[PDB]
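Chemist: So the chains spell out like this:
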Amino acid sequence: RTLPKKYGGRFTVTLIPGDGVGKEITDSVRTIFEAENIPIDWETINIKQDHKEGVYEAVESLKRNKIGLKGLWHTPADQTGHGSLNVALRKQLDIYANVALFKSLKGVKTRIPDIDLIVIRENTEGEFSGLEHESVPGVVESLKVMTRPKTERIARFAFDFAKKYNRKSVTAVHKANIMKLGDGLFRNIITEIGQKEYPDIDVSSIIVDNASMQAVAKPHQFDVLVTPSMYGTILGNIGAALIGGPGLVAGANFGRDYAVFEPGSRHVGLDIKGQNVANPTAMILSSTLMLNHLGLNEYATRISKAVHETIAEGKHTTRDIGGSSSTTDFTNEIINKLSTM
Amino acid sequence: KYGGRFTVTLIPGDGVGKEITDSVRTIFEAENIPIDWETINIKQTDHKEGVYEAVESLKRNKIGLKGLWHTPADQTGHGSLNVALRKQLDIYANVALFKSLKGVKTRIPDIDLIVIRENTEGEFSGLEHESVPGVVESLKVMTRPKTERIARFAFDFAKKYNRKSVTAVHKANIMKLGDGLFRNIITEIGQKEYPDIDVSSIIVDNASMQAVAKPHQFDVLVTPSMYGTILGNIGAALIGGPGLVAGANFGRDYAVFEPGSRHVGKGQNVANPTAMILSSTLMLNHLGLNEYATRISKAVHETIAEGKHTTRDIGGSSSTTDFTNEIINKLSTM
Amino acid sequence: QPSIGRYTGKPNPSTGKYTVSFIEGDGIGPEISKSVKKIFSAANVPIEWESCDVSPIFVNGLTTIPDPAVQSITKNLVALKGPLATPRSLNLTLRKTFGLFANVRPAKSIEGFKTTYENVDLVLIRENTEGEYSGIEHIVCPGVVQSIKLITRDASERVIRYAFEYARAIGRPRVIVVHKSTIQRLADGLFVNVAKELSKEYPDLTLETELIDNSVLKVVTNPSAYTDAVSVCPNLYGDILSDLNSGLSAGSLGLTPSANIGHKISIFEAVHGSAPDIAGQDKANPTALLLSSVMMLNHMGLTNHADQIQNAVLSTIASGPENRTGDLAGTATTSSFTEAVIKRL
Amino acid sequence: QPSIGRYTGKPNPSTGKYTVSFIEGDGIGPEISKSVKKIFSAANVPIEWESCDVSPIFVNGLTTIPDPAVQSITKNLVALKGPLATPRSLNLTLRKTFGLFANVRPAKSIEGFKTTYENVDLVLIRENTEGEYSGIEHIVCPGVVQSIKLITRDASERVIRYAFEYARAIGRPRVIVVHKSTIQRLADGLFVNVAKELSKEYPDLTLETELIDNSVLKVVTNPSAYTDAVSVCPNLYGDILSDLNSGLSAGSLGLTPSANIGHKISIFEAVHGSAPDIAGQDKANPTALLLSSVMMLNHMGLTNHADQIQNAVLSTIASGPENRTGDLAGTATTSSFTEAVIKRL
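Residue numbers (the deposited numbering), protein chains in the order written: chain E, 8 to 56, 58 to 349; chain G, 13 to 277, 281 to 349; chain H, 5 to 91, 97 to 354; chain F, 5 to 91, 97 to 354.
Read the hints as simulated data drawn from the structure, not as lab findings. Take the hints with a grain of salt, since some may be wrong.
Computed Cβ-Cβ distance ranges for the label pairs, DEER-style [as the list claims (entries may be wrong)]:
hint	chain 1	residue 1	chain 2	residue 2	range
1	G	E160	H	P70	37 to 47 Å
2	H	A234	E	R156	50 to 60 Å
3	G	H59	F	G13	33 to 43 Å
4	H	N231	G	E205	57 to 67 Å
5	F	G13	G	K99	18 to 28 Å
6	F	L101	H	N128	51 to 61 Å
Computed cross-link-like contacts, BS3-like style, restricted to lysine-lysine with a CA-CA straight-line distance of at most 27 Å [what the hints assert, rightly or not]:
hint	chain 1	residue 1	chain 2	residue 2
7	E	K323	F	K227
8	G	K226	G	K114
9	G	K111	H	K292
10	G	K188	G	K345
11	G	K226	H	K117
12	G	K188	E	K99
13	H	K123	G	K226
14	E	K226	F	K227
A short, non-exhaustive set of chain G residues, derived as facing chain F with CB atoms under 10 Å [as the list claims (entries may be wrong)]:
hint	residue
15	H141
16	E149
17	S212
18	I214
19	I215
The C-beta atom is built at its ideal place from N, Cα and C for all residues, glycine as well.
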């Protein structure tokens, strides 16, 4: 009962589809899941037109089920990590670790090939817990905190994650050159927890401006990046561009008792506005991270091979990675390789 | 008894501090008390080598007697020594005793209040900055553990000295969160842990008014750093001035005794040593002596009761030396 | 009369009577307002009332003041409000909408009435804008409240100007700036510096500065030592000091007038409460609201009527125990008091 | 030319040559400055130098800038500094004393030189006064650091004016304000509002706003999409964005010019380091400093000499591998480079 909701072999997971596009990509997953006959029952939550009764219902559903799959709203709030839902997940459920996976895909034309980085960002402090005030007109003041217990969690999370997925490098990204106290604390705590508790893993540090430059020019030097709230959005968007856009980026959010899976870039530059045109890959891949976590993951390996194979052959690919098929076509092609699998 | 001898830290202070300190040294040798002074030469309430030596002496001896500097810093609780005692020694509770004295002409008679003030937070741990020109911003904290300590301290003190009322003084009407926390914690710790004691609350502005008009309604006041100085000065005025106010400062491991008003209100050999001597007896009590404390206390009360040999601030015309010698005189015949 | 919050005159073109907003408030509000009108008519003063309602309207959850009253008071430039009970803050929005920046708090002994302190005549001006009024509180870590408070040169150079012009306007030599340890708080350093800057524009006035510690020690041991002075302080200690002063003069807020001065508007009020449990019973004491009338008059220029309704009147009628009221160990009623005043009016 | 930080002309009354402070700095500073003078003499430009020392003097523990250099630069109105090593902050005091409020950071691809990104021509103006530069940190409770950061309308309506006037001055249609979620930070709301207010005083220019998230996604997938635009941002993201832009254009700070524009003074510099371990060995690359020279020239009005020393010169000499330098997988030396430039100069 600290455990994912489960009756007779079947998991109940929270499904929060989001807006119109979120519903399209969410339905892609629903469709692949029924086709593969996976033991998952969706408890779908309709958050109708950062509406308060829906946020309450989603939080309440997550409290019961512990695991969730979440789509997008393409309002500026959802994409940055603010807006009622995200703050609820962070304040009420204490979901403190955002993970985005940036792996290059076999059939996607990218300026820099074979990328494999993971960005882990702290999700409860800094940007997400400030105070801002205008006390004399024309002057805005920000008061933000960085605390050692929150930064210890995120460190252990990052190292435990590197351990579990056989990553060999963890780099803390910070601005300790200027913020000598706050970001100094961050760099220090990460490197200490590295040497004392995880000796088999290489710890390192990089100033965030240098990391930006280094990420667009020589991405291969990086493995797992750990950063405060404020720099993770920037590093993540470089990540997204590097592998062919937001539509290809898996994501997960973890707390001690809760996990919520969702595209790692919030489909930032996933405009492509039209009906049935959006890339469902990020949602599907996030879907498989969820399967892994639930202990399924035979199912996850299959679904993952299907989508990698489908995008490797330029046929039936969606418009943002150079194809011309609809999200439905793409989904059906995946389901098709699945039955013959 | 028969024991041995306590070594206590003595920090005399400036010129007047040294006068009143020497009054105590004199009474003490006359009564032949088993106390050895480890006297610390601190040039200024800022003199970095002196402050370090005083802290180090207190770490060894645990108990201290401290005079005054009449710089504005020492009188308000700032300046290097006071912050050292608060940051390094974690001395968190300042106590001032306002008892009316038998032979002192006061507009309101028979006063008996105790003001206990928190000494590590609020005013004493802020941050202030001027980030755009002409705008100063203060950032102060009030925390539950520090306020729980000061609460238990106050109630423990009421219990020990048979006081029946503890009133928390706060500004929760405006600072609903921070001073709300303060009022609540004091009243809760009262009802759950100290039922035999009456707890109450009063907004600080109303308490000011109430203190100058009807002081008798109060017993033990507990307040944050910021209001303690104001309540304490009303207290000092009520009983005839700073020269009559005993004081003590406590941490878990340390105690430093000193006049409770920092002598807000010179010439050579004219200052009232009473506050210092009375604080001196608080120290005796604490050390477990206090047979000696009862005698010295009776001596000074008796000496000031008879208007002869009284110092100039309570209407006499004698020097601090005359006053000291009169006290020592009633002591030998005791 | 002070150039800072000067009253823009102009009687009614027709009646030859000045327009003055009221706001009778509640509790003992009504019966105390009634007594003010009967003494303003009986002394024949150039004033026609215009009772306003300031009941807190809510706009965006932010407490706002009703437009009927806003327009009334913005036009008349003067108001005289009585007490009102407690629901943001009623008094706080009042000061924000009308640009009230200074609070004037006199505390004087009543001649012939035996109180515990004697010969007290204190004047205290406090800032009202910033400080703990515009303060912000928040929880930083789990058991930790942080307070944020602001002080500005502009707001300070304004109460301080007013303090000077007010000392001149009542014939007092010294203005005393009260502050806390100047070197360990640069917020008091800014207030003191601003006061020294203005010192030179007012050569007829002596500027003293005093530690709030010393001020309270002195004032309580001997209140008279400050009857030749006008004190100013930052918003922080204003509440405390003014209530301490009223404790010296009377032993309560009962007999205390107050003035809230803005650049154009100015509101005058007693500082005691609604006291609902004594409403209707005709036991109220209008002295406080009466003396705020005097301050209002004096702010308008009607000096002759001011002294008339203050000099003789209630000041002298508060002599003889069959007058007074239940609060001052008296026997009179709010009605018997009003005309006992009209007697020596 | 921008009216904001306009250059007050005046050549030397006698020589007919403009005075320009230097500050050769250290490490590879000397040899890179030498190259700039040899190319400014060889192209015959109206400029006489005046090397300054800015070694950090300490006054009250607060780092101050030497008076020799202050007077020199306050008089000349222009300076051109190279790198300098790291002892409050050397660069930070430099900007405070001379009132430098804007930092102009271009990032352009070199024609004929194969880098990983192509056709990038980016211009980013960032605020330099406030933000994390005027920031305060302190420990609130025992494991808890709080940061305080300030942004003002005044400082914002100034980089933003400059951004507009600089976009007009180099012929670009759009200025893009970059910010973070506007509704969940009213700090970026203030910056964006200020930009919309100035939008109307510059009708020839198109104002777009963009989330910094979207900007970095777009610019990295396709740099060229921004070569018709000038981006401004608040001080917060300035560091990160400008270094990301230089990663696109070159893959390091090696070829990057910058301008620090104030109300009257203006300092131009390369942004790479001292790189002491390659000093003396004649391996330095003056391109960065050279290109700052061009920006300096263009700020002075010497447009003809600007294009001369930029258009042909080092831009075109950076084509052919026997030139370049060790950093750009080249073989040339800092000496052989300087005259190889004077060749097509």
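Chemist: Evaluate each hint against the coordinates.
Modeler: Each hint, compared with the structure:
1. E160(G) x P70(H): 37 to 47 Å: holds (45 Å)
2. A234(H) x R156(E): 50 to 60 Å: holds (54 Å)
3. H59(G) x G13(F): 33 to 43 Å: violated (58 Å)
4. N231(H) x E205(G): 57 to 67 Å: 43 Å Cβ-Cβ, so the 57 to 67 Å window is violated.
5. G13(F) x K99(G): 18 to 28 Å: violated (58 Å)
6. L101(F) x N128(H): 51 to 61 Å: 59 Å Cβ-Cβ, so the 51 to 61 Å window holds.
7. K323(E) x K227(F): Given that 27 Å is the threshold and the Cα spacing comes to 26 Å, the pair holds.
8. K226(G) x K114(G): holds (19 Å)
9. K111(G) x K292(H): Status violated; Cα separation ~38 Å.
10. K188(G) x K345(G): Status violated; Cα separation ~54 Å.
11. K226(G) x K117(H): holds (18 Å)
12. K188(G) x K99(E): holds (23 Å)
13. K123(H) x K226(G): Cα-Cα ~15 Å, so holds.
14. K226(E) x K227(F): holds (18 Å)
15. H141: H141(G) check passes; min Cβ-Cβ to chain F is 5 Å, inside 10 Å.
16. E149: holds (8 Å)
17. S212: violated (30 Å)
18. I214: With Cβ-Cβ at 28 Å, over 10 Å, it is violated.
19. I215: violated (27 Å)
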